[PDB]
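Turn these sequences into a full structure, and let the hints guide you.
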Amino acid sequence: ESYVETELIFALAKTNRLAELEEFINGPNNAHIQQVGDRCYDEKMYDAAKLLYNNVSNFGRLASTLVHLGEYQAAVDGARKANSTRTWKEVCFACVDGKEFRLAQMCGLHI
Amino acid sequence: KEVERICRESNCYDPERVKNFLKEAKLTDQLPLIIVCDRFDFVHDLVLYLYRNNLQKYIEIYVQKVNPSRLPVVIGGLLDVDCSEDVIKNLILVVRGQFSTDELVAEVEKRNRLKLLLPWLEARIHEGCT
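As given, the protein sequences belong to chains A and B, one line each in that order. By the UniProt record's numbering, the letter at position 101 of the first sequence is numbered 1266, and the numbering carries on one by one without gaps. By the UniProt record's numbering, the letter at position 94 of the second sequence is numbered 835, and the numbering carries on one by one without gaps.
Everything labelled a hint here was simulated from the structure, so no lab data went into it. The beta carbon of each residue, even a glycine, is placed where N, CA and C say it ideally should be. Treat the hints with care, as some may be off.
Just a sample of chain A residues kept apart from chain B, beta carbon distances all over 10 angstroms, derived [as the list claims (entries may be wrong)]: (1) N1195; (2) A1239; (3) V1256; (4) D1262.
With a straight-line cut-off of 27 angstroms between C-alpha atoms, the simulated BS3-like cross-links for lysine-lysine are [unchecked claim]: (5) B:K856 to A:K1246; (6) A:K1209 to A:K1179; (7) A:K1264 to A:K1254; (8) B:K798 to A:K1246; (9) A:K1254 to B:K851; (10) A:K1246 to B:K830; (11) B:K830 to B:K806; (12) B:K764 to B:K806; (13) B:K856 to B:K830; (14) A:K1246 to B:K767; (15) B:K830 to B:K798; (16) B:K764 to B:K798; (17) A:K1246 to A:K1209; (18) B:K856 to A:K1254.
This is the structure:
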């Protein structure tokens, strides 16, 4: 049953049982990421939806969830392919209105 | 000859549990899915998954001969599933059925990369129109 898979992996996130969950993904999950792949970062139980959006290749969403996750190096590493201006312009105007010049001018490669 | 026969014909299933079945019906020559899945439009996810396992021409030939009409939308799916370009280019270059450059430009502008379509560019700008 797909639903029991979805809720199971969501609970594995709930009980933060990471490695086992991820190696399970090597099994034919047929589950619903972007539903539970959403539910994780929705619960903000971060560092978990990361692996999900990776192994199911959830570009833009994986990058945004990386940013929200506290991940920023790998976030830009994926966004350079994604090129979604979202976090770019976020940091950009945050520093511009703040009259700053480091983070905005660093991430400004996507303008 | 029998099975996807009714998949074209009959439409009284749950085509979603059905399509679910398809997904789970590992039978290695599926093209009723190319019919009913898009009959109820699970097609981004569909083709997504497809190439994910793999996809070569099957939706392509479906939208080729079965139905050129869904070209633009599947085109959008293609670039949302983030894939290559020369195939649909040739598709436009090869005889196309029903299609407007005015939706192609909008979709690819959403995609931001209109770069090549010189055949259909000729089609558009030679109407009094890039």
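Query raised in the report: Quick check: which numbered hints come out false for this structure?
Result: 1, 14
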